[PDB]
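Asker: Please take these sequences and the hints and turn them into a complete structure.
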Amino acid sequence: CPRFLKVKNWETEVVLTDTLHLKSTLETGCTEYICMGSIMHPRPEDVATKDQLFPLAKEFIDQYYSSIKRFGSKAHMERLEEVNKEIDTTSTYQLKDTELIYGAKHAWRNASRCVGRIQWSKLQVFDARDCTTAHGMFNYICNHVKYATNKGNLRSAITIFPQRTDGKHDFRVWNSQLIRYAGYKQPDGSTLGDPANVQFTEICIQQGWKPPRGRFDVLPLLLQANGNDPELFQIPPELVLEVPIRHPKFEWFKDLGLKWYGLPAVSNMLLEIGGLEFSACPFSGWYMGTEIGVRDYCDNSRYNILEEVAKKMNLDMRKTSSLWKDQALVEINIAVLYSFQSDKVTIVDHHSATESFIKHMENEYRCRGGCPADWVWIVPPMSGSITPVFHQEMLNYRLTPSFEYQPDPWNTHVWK
Amino acid sequence: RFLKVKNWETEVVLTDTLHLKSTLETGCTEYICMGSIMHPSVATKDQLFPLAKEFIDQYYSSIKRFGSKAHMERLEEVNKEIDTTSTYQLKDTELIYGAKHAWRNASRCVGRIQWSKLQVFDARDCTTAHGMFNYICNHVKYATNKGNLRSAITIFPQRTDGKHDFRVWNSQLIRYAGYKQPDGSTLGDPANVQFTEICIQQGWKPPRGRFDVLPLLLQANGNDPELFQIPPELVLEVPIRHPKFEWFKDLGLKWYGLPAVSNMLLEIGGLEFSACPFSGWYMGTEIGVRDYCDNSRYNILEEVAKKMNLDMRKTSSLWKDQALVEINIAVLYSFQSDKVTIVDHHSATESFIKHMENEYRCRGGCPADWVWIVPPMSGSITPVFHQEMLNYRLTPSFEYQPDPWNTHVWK
Ligand code: HEM
Ligand code: HEM
Ligand SMILES: Cc1cc(N)nc2cc(-c3ccc(OCc4ccccn4)c(CN)c3)ccc12
Ligand SMILES: Cc1cc(N)nc2cc(-c3ccc(OCc4ccccn4)c(CN)c3)ccc12
Ligand SMILES: C[C@H](O)[C@H](O)[C@H]1CNc2nc(N)[nH]c(=O)c2N1
Ligand SMILES: C[C@H](O)[C@H](O)[C@H]1CNc2nc(N)[nH]c(=O)c2N1
Ligand SMILES: [Zn+2]
Numbered sequence: 302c303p304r305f306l307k308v309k310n311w312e313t314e315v316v317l318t319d320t321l322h323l324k325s326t327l328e329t330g331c332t333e334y335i336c337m338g339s340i341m342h343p349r350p351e352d353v354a355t356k357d358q359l360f361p362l363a364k365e366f367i368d369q370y371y372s373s374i375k376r377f378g379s380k381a382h383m384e385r386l387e388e389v390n391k392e393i394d395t396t397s398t399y400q401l402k403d404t405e406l407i408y409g410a411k412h413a414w415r416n417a418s419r420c421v422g423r424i425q426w427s428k429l430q431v432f433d434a435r436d437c438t439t440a441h442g443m444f445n446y447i448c449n450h451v452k453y454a455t456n457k458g459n460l461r462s463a464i465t466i467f468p469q470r471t472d473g474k475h476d477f478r479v480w481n482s483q484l485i486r487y488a489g490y491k492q493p494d495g496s497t498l499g500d501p502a503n504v505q506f507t508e509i510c511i512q513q514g515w516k517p518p519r520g521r522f523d524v525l526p527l528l529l530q531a532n533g534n535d536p537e538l539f540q541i542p543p544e545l546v547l548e549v550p551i552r553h554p555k556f557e558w559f560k561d562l563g564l565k566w567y568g569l570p571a572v573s574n575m576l577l578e579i580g581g582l583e584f585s586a587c588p589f590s591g592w593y594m595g596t597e598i599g600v601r602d603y604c605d606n607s608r609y610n611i612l613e614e615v616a617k618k619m620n621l622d623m624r625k626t627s628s629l630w631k632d633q634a635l636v637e638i639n640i641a642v643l644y645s646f647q648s649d650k651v652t653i654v655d656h657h658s659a660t661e662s663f664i665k666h667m668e669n670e671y672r673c674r675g676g677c678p679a680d681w682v683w684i685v686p687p688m689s690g691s692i693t694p695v696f697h698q699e700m701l702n703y704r705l706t707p708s709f710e711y712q713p714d715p716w717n718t719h720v721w722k
Numbered sequence: 304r305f306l307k308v309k310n311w312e313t314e315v316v317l318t319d320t321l322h323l324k325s326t327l328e329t330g331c332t333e334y335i336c337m338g339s340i341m342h343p344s353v354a355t356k357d358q359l360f361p362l363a364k365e366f367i368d369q370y371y372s373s374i375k376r377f378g379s380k381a382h383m384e385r386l387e388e389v390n391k392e393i394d395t396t397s398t399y400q401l402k403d404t405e406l407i408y409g410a411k412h413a414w415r416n417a418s419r420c421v422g423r424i425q426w427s428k429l430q431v432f433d434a435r436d437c438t439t440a441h442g443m444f445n446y447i448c449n450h451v452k453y454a455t456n457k458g459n460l461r462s463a464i465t466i467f468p469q470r471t472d473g474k475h476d477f478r479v480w481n482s483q484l485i486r487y488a489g490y491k492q493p494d495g496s497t498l499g500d501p502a503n504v505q506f507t508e509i510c511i512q513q514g515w516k517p518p519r520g521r522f523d524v525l526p527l528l529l530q531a532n533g534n535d536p537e538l539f540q541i542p543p544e545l546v547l548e549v550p551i552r553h554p555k556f557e558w559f560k561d562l563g564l565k566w567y568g569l570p571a572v573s574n575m576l577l578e579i580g581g582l583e584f585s586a587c588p589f590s591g592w593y594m595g596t597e598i599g600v601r602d603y604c605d606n607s608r609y610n611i612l613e614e615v616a617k618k619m620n621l622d623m624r625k626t627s628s629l630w631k632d633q634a635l636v637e638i639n640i641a642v643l644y645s646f647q648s649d650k651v652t653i654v655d656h657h658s659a660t661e662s663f664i665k666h667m668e669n670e671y672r673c674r675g676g677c678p679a680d681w682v683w684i685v686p687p688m689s690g691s692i693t694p695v696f697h698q699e700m701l702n703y704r705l706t707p708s709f710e711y712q713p714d715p716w717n718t719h720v721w722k
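Going line by line, the protein sequences match chains A and B.
Quick note on numbering: the first sequence equals residues 302 to 343, 349 to 722 in PDB author numbering.
Quick note on numbering: the second sequence equals residues 304 to 344, 353 to 722 in PDB author numbering.
Hints are not guaranteed to be accurate.
As the list claims (entries may be wrong) - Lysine-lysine pairs mimicking DSS-like chemistry, simulated, CA-CA at most 30 Å apart: (1) A:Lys617 - B:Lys555; (2) A:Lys457 - A:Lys411; (3) A:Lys491 - B:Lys665; (4) A:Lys618 - B:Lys309; (5) A:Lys625 - B:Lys356; (6) A:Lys555 - B:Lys618; (7) B:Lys380 - A:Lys625; (8) B:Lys617 - A:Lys618; (9) B:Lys625 - A:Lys665; (10) B:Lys474 - A:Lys631; (11) A:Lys617 - B:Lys650; (12) A:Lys364 - A:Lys391; (13) B:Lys665 - A:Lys617; (14) B:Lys631 - A:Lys618; (15) B:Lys625 - A:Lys618.
It should be emphasised that the hints constitute simulated quantities derived from the structure, not laboratory data.
Answerer: Here it is in structure tokens:
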């Protein structure tokens, strides 16, 4: 593998040099003869063996002591020996609080698909490894929601529940995000609410949830502790900050009855640190406007509102070459940013966010020797080429600590 | 192994077997993906015969006569020729097959539903830049067809020793000049400031306007390049106006109807065709987003947003996004009103999805570069954004080559 790789920005001519790729530890899915860079995702009994765990832990511990400028120190060699004994006697080990915080921040720093990583070192880490029950998980999650929401001055945070042991005692949040809206398939084939969440909604209903059957119903939490069957909990509604969507010019936009929640909090990913696996680790930041205004609202398989907005805008919808879809899409994203800013709920537009990411990427190249980035995900879903990331070459590779995908828990759970 | 690609909007899953036929590299490895790198980085008789044999085999497999008498005789024929000349010449049928398949295999091209409808002009008998100019004029006239554009490619003689290359020095046959001003800024098209200066330095008298059609700069058989003015009645242009903003025409904008890329290399069966201008018709965003609104291109967003009286102090007003849509409405409206072929990015990406379906069914796959296929605006409200794609390299192909003014040893 070549030692220095160059990436160029075709708009500014800036050339950056990447050496950090030499530290990559996992597979991308690509080969020498095929590129899988647009593939979205390129056994539960199996946990890391002693022999697998030793090198992964040393690699992380080494990285941690190098970061605090104590590599090779007495404290470094003693921590190595203590970890090695734990793995020897118990087949696993426990991270120190300092290492847990370092690992979580670096999984975010390493998340190649995240345009928001300029913030990676300002992450509030909540240590929930003492949790034993689903009620306890509910408590930790409510506190997380309240802290991160901060009455609209959102603060990035992660809550980390106990790590995997034998694979039969996993902690899991069954929700894909802490706050999402229910979706309901009707007998006639139409959908009320968010079509993305129909399957999960049906699971909640089977578990006993009584659905209000509206368009914007906050879903309950479905929480699994220690491998037990999951349990339902209603998030207290005063903890769910929401924004009604209105438009600065179009007085009729409010009459569409749209709203969205303030806190994006992904809850179905796995955090890997030093070979340890944290299967329940909900983390939250704040929104980029297009996540709501382009994807959530205008995806055909989501709320799919382009049609109705175009009608109320009295656009010619007969020919595609009028660009009526594009024109309505901009107005919708204007409304989303206006409504969040008016209510003083943190949000970032796609111009500001991508401009910050370029500055972040350049700094990471300077101080760290690189910045893994997934162009397919970094470039926003509208107006791609009038953001600076479109013209920026990126290298994608997988560093650890990392956030990973994991199978949906209803597909693997053994019901008690 | 068989590879699956999913459309996350329609849940259609296609199965790729065609990738198993590739042997050229992508630039990625198991540990690093270079899918967003623009260019991830003179044969011998021994390099040349396996390449020739592979291409002959796939041609005779394509015409349902694999292992036939003609197939066996063509292989032996090509064998003797590489032996005794260090190269070989393609039959006419093979030239046409190879050129259509280079287009078919172009992973970055969203227009490939048209790939088998390509007019192939054989220019392998050309010897001088005057001959190149004649062949190119005939291409332009045929492809333009009074607005009813027709896809075409003109293929000049192949590389021999690398010292006698035919080259079109222009990056496209029709482009507008760019002028580096005294006060530091740029008049015209900044993409072409360097090429324009080379044309001036070679004797071209520049009109110094905003849309000055560049001359052709043509190199035959490795000689110094020579300048030629394309006859203006051959250059079809469209004044851009808006269907609702009557002030838009006062911007003074125009563009040319014929996109004709002239700086790429065509590779067929180990042979290299360093001059092979090819042309189709525009997707509107190529003009309305990239050519007009790239920071390093015509950069007209501020001006348009001014005349729209948009609030420009905060990025979160999305004033850039509003002006961008209006510019692209004007381009599509202007070409359509003048009956010049153009396709919008919704229709084009929709056609590409259908093309992918066809290729998976009849060919076992379709190499496709998501980074290039997804249009530069309104990405996720086009169907290709939600379509998983596999990128891999098949030959015959179009390849990049160095700019001639970095190689050419003058005399
Ligand atoms: C603080 C403000 C943040 C912003 C503006 C932001 C922005 C984004 C956006 C726009 C995406 C693409 C999402 C999509 O297309 O649906 C994304 C993905 C991602 N973000 Fe960030 N993010 C933020 C905070 C965080 C935090 C706090 C973490 C973890 C601690 C994180 C980790 C990730 C990961 C792992 C992904 C990839 C998700 C996947 O592959 O499915 N982000 N982010
Ligand atoms: C007929 C209508 C066609 C349409 C609408 C079309 C559309 C496009 C577009 C939009 C691009 C991306 C260009 C950019 O972003 O700057 C592209 C790339 C490309 N097209 Fe097509 N195209 C057409 C015809 C053709 C033909 C006739 C050929 C060759 C015979 C061809 C070969 C290519 C190649 C090689 C590329 C990639 C260029 C590169 O890698 O730098 N296309 N096409
Ligand atoms: C912290 C934060 C802030 C912010 N503003 N946005 C964020 C977006 C994500 C995010 C996006 C897309 C995802 O996957 C879509 C998918 C996958 C497979 C199939 C269908 N769809 C997932 C999967 N967990 C997460 C994660 C964290 C974010
Ligand atoms: C046949 C046809 C029809 C149509 N409608 N559009 C077409 C666009 C291209 C096309 C686009 C971008 C390109 O690369 C930009 C670049 C590279 C390196 C450095 C700077 N810039 C090249 C490389 N020549 C070609 C090619 C053919 C087209
Ligand atoms: C097929 C394609 O990979 C898929 O639609 C991806 C494209 N890029 C994306 N980019 C972001 N940020 N989020 C997404 O969900 C997707 N979806
Ligand atoms: C850095 C990146 O590869 C570069 O900007 C690419 C991105 N995608 C593109 N897509 C198209 N269609 N045309 C382009 O010129 C580019 N440029
Ligand atoms: Zn790749």
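Asker: Take the hints in turn and mark each one as holding or not.
Answerer: Hints, verified against the model:
no.	hint	result
1	A:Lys617 - B:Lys555	holds (18 Å)
2	A:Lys457 - A:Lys411	holds (24 Å)
3	A:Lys491 - B:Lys665	holds (29 Å)
4	A:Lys618 - B:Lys309	violated (34 Å)
5	A:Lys625 - B:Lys356	violated (55 Å)
6	A:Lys555 - B:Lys618	holds (18 Å)
7	B:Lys380 - A:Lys625	violated (53 Å)
8	B:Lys617 - A:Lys618	holds (26 Å)
9	B:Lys625 - A:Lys665	holds (19 Å)
10	B:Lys474 - A:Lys631	violated (52 Å)
11	A:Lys617 - B:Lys650	holds (28 Å)
12	A:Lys364 - A:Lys391	holds (12 Å)
13	B:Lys665 - A:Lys617	holds (28 Å)
14	B:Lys631 - A:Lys618	holds (23 Å)
15	B:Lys625 - A:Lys618	holds (26 Å)
Hint compliance for this structure: hints 4, 5, 7, 10 are broken, all remaining hints hold.
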